[PDB]
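**Q** Chain by chain, the residues run as shown.
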Amino acid sequence: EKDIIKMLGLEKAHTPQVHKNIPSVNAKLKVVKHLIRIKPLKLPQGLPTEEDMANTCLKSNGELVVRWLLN
Amino acid sequence: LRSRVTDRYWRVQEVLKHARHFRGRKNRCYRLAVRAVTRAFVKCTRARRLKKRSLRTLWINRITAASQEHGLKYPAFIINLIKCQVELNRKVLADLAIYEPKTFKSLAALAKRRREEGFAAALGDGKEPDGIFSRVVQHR
Amino acid sequence: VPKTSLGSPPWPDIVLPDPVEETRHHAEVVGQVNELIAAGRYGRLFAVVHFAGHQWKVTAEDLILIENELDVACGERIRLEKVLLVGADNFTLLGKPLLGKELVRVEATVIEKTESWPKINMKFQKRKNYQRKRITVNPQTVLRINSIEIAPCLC
Amino acid sequence: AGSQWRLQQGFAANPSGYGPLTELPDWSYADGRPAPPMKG
Amino acid sequence: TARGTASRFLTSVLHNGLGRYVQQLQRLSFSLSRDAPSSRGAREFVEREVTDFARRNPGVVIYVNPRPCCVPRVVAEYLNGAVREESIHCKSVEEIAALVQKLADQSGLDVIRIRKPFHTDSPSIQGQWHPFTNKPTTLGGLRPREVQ
Amino acid sequence: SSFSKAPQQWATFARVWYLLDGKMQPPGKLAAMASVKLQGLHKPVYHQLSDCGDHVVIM
Amino acid sequence: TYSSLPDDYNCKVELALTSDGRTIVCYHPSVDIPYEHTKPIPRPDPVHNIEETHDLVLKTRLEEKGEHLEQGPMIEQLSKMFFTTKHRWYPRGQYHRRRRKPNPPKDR
Amino acid sequence: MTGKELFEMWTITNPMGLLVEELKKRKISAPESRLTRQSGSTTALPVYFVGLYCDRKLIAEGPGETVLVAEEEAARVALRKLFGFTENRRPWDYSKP
Ligand SMILES: [Mg+2]
Ligand SMILES: [Mg+2]
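Chains as they are written, first to last, in the deposited numbering: chain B3, 82 to 152; chain BU, 10 to 149; chain BV, 55 to 209; chain Bo, 23 to 62; chain Bg, 2 to 149; chain BN, 2 to 60; chain Bf, 35 to 142; chain Bh, 223 to 319.
Excised from the complex, chain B3 in its bound form:
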């Protein structure tokens, strides 16, 4: 489990990390599922373009907001 956590990028606690929902990944996650919290990523404003990279932020309800703090 220590190894699985290391190779999921989950080393540091209470820090979010994003992963594909493919079965390859779900296998490892299944091994450590008692050590983690898994919440689906949401995109209300859709995926970020290249103009929106600097303004991106991730809210706790698990949703990625593209435009952060206009004027």
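You may find that some hints are simply not true.
List of simulated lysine-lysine pairs, DSBU-like, C-alpha gap at most 35 Å [as the list claims (entries may be wrong)]:
no., chain 1, residue 1, chain 2, residue 2
1, Bg, 103, BV, 155
2, Bf, 135, BV, 187
3, BU, 61, BN, 24
4, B3, 87, BU, 61
5, Bh, 249, Bh, 226
6, Bf, 120, BU, 60
7, BU, 92, Bo, 61
8, Bg, 136, Bo, 61
9, BV, 177, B3, 87
10, Bf, 73, BV, 187
11, BV, 57, BU, 26
12, Bf, 140, Bh, 303
13, BU, 82, BN, 38
14, BU, 121, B3, 93
15, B3, 140, Bo, 61
16, Bf, 120, BN, 38
17, Bf, 73, Bh, 226
18, Bo, 61, BV, 182
19, Bg, 136, BN, 30
20, BU, 100, BN, 6
21, Bg, 117, BN, 6
22, Bh, 249, BN, 30
23, BV, 177, Bf, 135
24, BU, 61, Bg, 92
25, BU, 121, BN, 30
26, BV, 187, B3, 87
27, BV, 57, BN, 30
28, BV, 180, BU, 52
29, BN, 6, BU, 92
30, BU, 26, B3, 93
31, Bg, 117, BU, 92
32, Bg, 117, Bo, 61
33, Bf, 46, Bh, 226
Here are the simulated distance ranges between beta carbons [as the list claims (entries may be wrong)]:
no., chain 1, residue 1, chain 2, residue 2, range
34, Bf, 129, BV, 192, 29 to 39 Å
35, BV, 156, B3, 150, 17 to 27 Å
36, Bh, 279, BU, 65, 37 to 47 Å
37, BV, 86, Bg, 3, 43 to 53 Å
38, Bf, 100, BN, 29, 48 to 58 Å
39, Bg, 118, BU, 24, 51 to 61 Å
40, Bf, 77, Bg, 4, 46 to 56 Å
Derived from the structure by calculation, the hints contain no laboratory data.
In this text, a Cβ means the ideal position worked out from N, Cα and C, and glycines have one as well.
Here the structure of chain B3 is known, so what remains is to put chains BU, BV, Bo, Bg, BN, Bf and Bh with the ligands in place on it, guided by the hints.
**A** Below, chains BU, BV, Bo, Bg, BN, Bf and Bh with the ligands alone, put in the same frame as chain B3:
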């Protein structure tokens, strides 16, 4: 070529200056003094981490006195102040309680109001009412 | 309608005023306070201010010691922006969780750039032959807060 | 405390995270020129 | 250690920065050797930087003495009367510059533990809590069992 | 708010005498509030190295 | 005509919410103590030390007060005055008197 | 003058008298000393709060060990309100007109 340590004097003073104010033979004798000084530094850093806890507990006790005055227990006061989006750390809240009794009675009034609003909404069993102070504002 | 020790909840019943009369009452009060500001009838202000990661209770003419470096010349005047609370003898403005920059302005001067006194930090372990002794010196900055001004605009 | 409420409301469980409390540039020159940005 | 050493409250000299700001550093005296390697940095500093420094700070008088010494020192001296000694012995030009800056921006107050980070005269605006401030007054001002 | 220094300080740390009726009360619940008031933990100015604590009279 | 806390004491407190919603304002003027709630100043002055025959003897009769006790009973009386335990009043050794700071720091 | 009081530098020895004169000037009549709060009278450390009343309005109030001390304080406070030398008072202006 024989080499002896000439400066041993100062070597000792750098321990012994930290030991001056101790009681007993610890404040003179390099052996005893050294051990005592080391214990003093260790105790010191550990206490540097502790101090922050101590102060925060102090602040909480004071805030509790202040709140209890107004017939409001501590937890209620604090969380119902959070639910108004008022974020004041306990340091500042304690200082208000001491040096600004008016503003503090206001804060307490607010919290009490927000709490009563909460009970009202929970007992009401409907989405329609939004208490005036239970409204949640977003950044502009 | 019987009465037993239990059947009635053990706490005062609450009646909160109708939302409309309340909105009226609020606009009225705000009007009053706003008049107090426009007239200049507030004596001296204190303000709770978020700065350098800490919150402070601040007033004109006073002093704060910030525990880290700021890039400013000595003597520069600075507007501390985040302001949680403003207060005066007869009234207080609260932020949610911040006051609009148009509502209040607090300016502080940086008096002194300096460094902290030496702080010893010593790790030790019984009969493992392990000591480490490290002396920390922290860069410090002393601000004199100058003036808390408060503008009449409030709604 | 009160992280639970703060989460239901969609803010960060810790007031230190990502709110306008942290994000905004807490000081500026008296003239109005912006301050050098903050390392954090 | 804190019980070991002395301490002071946070203060300014002469309420600096209230009415106007006065740079507290008064004079600066360098002593170095034209010949000795220990003073090398200090010489370079005197060549390039000192001049410019002197323009950047009109209020501080800077005395440079070449003399036969092994250990170049800089003696800062303040309006406060405070005298602070330093050794520029065996340092870069860069290091010395940074040091002289620290000296320029210091108050001249003693560096010791500072008891608390803030200093306020009249912290108390609108009152200061006392046991009676939150207590209700009664009619006639009678005590608990007092009868009239 | 404007007091001289001495009377201000005196007013702040002033002792107070509370009266507490005991009839038909559990000695525990009594002793709870009695304890608080003895330690001066009801004062926002509380600290452990200030003498602050008030007299309590139980009858 | 509603406040969450009684206006009996301290300040009368008014809680308003800005029409925007982004600011809370509180109006809190002091509450003064009503006349009817106070009682008249106790006035006690009486001088019986006067002897009708000799009044420079009478003025010397007010200067006639003094007494001396032993360590133990003095301390008991002292500790009954201020409601202290007996222990506080005993002296302290050379070693402790010598480490009191000569000049303690002063704030304000 | 920062942090200092009024009566710290003024040194006047009879606050009551001075108050009465100033109230003659303001056409207000008779400050009446009225005891407001007290704790312990029988103690070696009593606390008194004496209020000063003019036509049953309360002008100012003060603490003390003795009722006399406290009365004198209430006088000093009243004075300080009348003269506008106060804690709450507007801090001095340092500005460039
Ligand atoms: Mg830490
Ligand atoms: Mg960090």
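**Q** Could you run down the list of hints and mark each one as holding or not?
**A** Do the hints match the structure? See the list:
1. 103 (chain Bg) - 155 (chain BV): holds, 34 Å
2. 135 (chain Bf) - 187 (chain BV): holds, 29 Å
3. 61 (chain BU) - 24 (chain BN): violated, 43 Å
4. 87 (chain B3) - 61 (chain BU): At roughly 33 Å apart (the allowed maximum being 35 Å), residue 61 (chain BU) and residue 87 (chain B3) satisfy the hint.
5. 249 (chain Bh) - 226 (chain Bh): holds, 30 Å
6. 120 (chain Bf) - 60 (chain BU): It holds: about 33 Å lies between the C-alpha atoms, which stays within 35 Å.
7. 92 (chain BU) - 61 (chain Bo): Cα-Cα ~31 Å, so holds.
8. 136 (chain Bg) - 61 (chain Bo): Distance of about 49 Å is beyond 35 Å: violated.
9. 177 (chain BV) - 87 (chain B3): holds, 30 Å
10. 73 (chain Bf) - 187 (chain BV): violated, 66 Å
11. 57 (chain BV) - 26 (chain BU): violated, 77 Å
12. 140 (chain Bf) - 303 (chain Bh): holds, 28 Å
13. 82 (chain BU) - 38 (chain BN): Holds, because 16 Å separates the two Cα atoms, which is no more than 35 Å.
14. 121 (chain BU) - 93 (chain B3): Given pair residue 121 (chain BU), residue 93 (chain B3) is violated - Cα atoms ~40 Å apart, limit 35 Å.
15. 140 (chain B3) - 61 (chain Bo): Distance of about 22 Å is within 35 Å: holds.
16. 120 (chain Bf) - 38 (chain BN): holds, 22 Å
17. 73 (chain Bf) - 226 (chain Bh): holds, 34 Å
18. 61 (chain Bo) - 182 (chain BV): The hint is violated at about 39 Å.
19. 136 (chain Bg) - 30 (chain BN): Given that 35 Å is the threshold and the Cα spacing comes to 23 Å, the pair holds.
20. 100 (chain BU) - 6 (chain BN): Holds. Residue 100 (chain BU) to residue 6 (chain BN) sits at ~25 Å (cutoff 35 Å).
21. 117 (chain Bg) - 6 (chain BN): The hint holds at about 21 Å.
22. 249 (chain Bh) - 30 (chain BN): At roughly 56 Å apart (the allowed maximum being 35 Å), residue 30 (chain BN) and residue 249 (chain Bh) break the hint.
23. 177 (chain BV) - 135 (chain Bf): Measuring from Cα to Cα gives roughly 31 Å; hence the hint holds.
24. 61 (chain BU) - 92 (chain Bg): violated, 38 Å
25. 121 (chain BU) - 30 (chain BN): holds, 25 Å
26. 187 (chain BV) - 87 (chain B3): holds, 33 Å
27. 57 (chain BV) - 30 (chain BN): Holds: residue 57 (chain BV) and residue 30 (chain BN) sit about 26 Å apart, inside 35 Å.
28. 180 (chain BV) - 52 (chain BU): Roughly 14 Å between the alpha carbons, so the hint for residue 180 (chain BV) and residue 52 (chain BU) holds.
29. 6 (chain BN) - 92 (chain BU): violated, 39 Å
30. 26 (chain BU) - 93 (chain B3): It is violated: about 43 Å lies between the C-alpha atoms, which goes past 35 Å.
31. 117 (chain Bg) - 92 (chain BU): Measuring from Cα to Cα gives roughly 32 Å; hence the hint holds.
32. 117 (chain Bg) - 61 (chain Bo): holds, 26 Å
33. 46 (chain Bf) - 226 (chain Bh): holds, 31 Å
34. 129 (chain Bf) - 192 (chain BV): 29 to 39 Å: holds, 35 Å
35. 156 (chain BV) - 150 (chain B3): 17 to 27 Å: holds, 18 Å
36. 279 (chain Bh) - 65 (chain BU): 37 to 47 Å: holds, 44 Å
37. 86 (chain BV) - 3 (chain Bg): 43 to 53 Å: At 50 Å between Cβs, range holds.
38. 100 (chain Bf) - 29 (chain BN): 48 to 58 Å: holds, 50 Å
39. 118 (chain Bg) - 24 (chain BU): 51 to 61 Å: Taking Cβ atoms as reference, residue 118 (chain Bg) and residue 24 (chain BU) lie about 31 Å apart, which means the hint is violated.
40. 77 (chain Bf) - 4 (chain Bg): 46 to 56 Å: With a Cβ separation near 52 Å, residue 77 (chain Bf) and residue 4 (chain Bg) satisfy 46 to 56 Å, so the hint holds.
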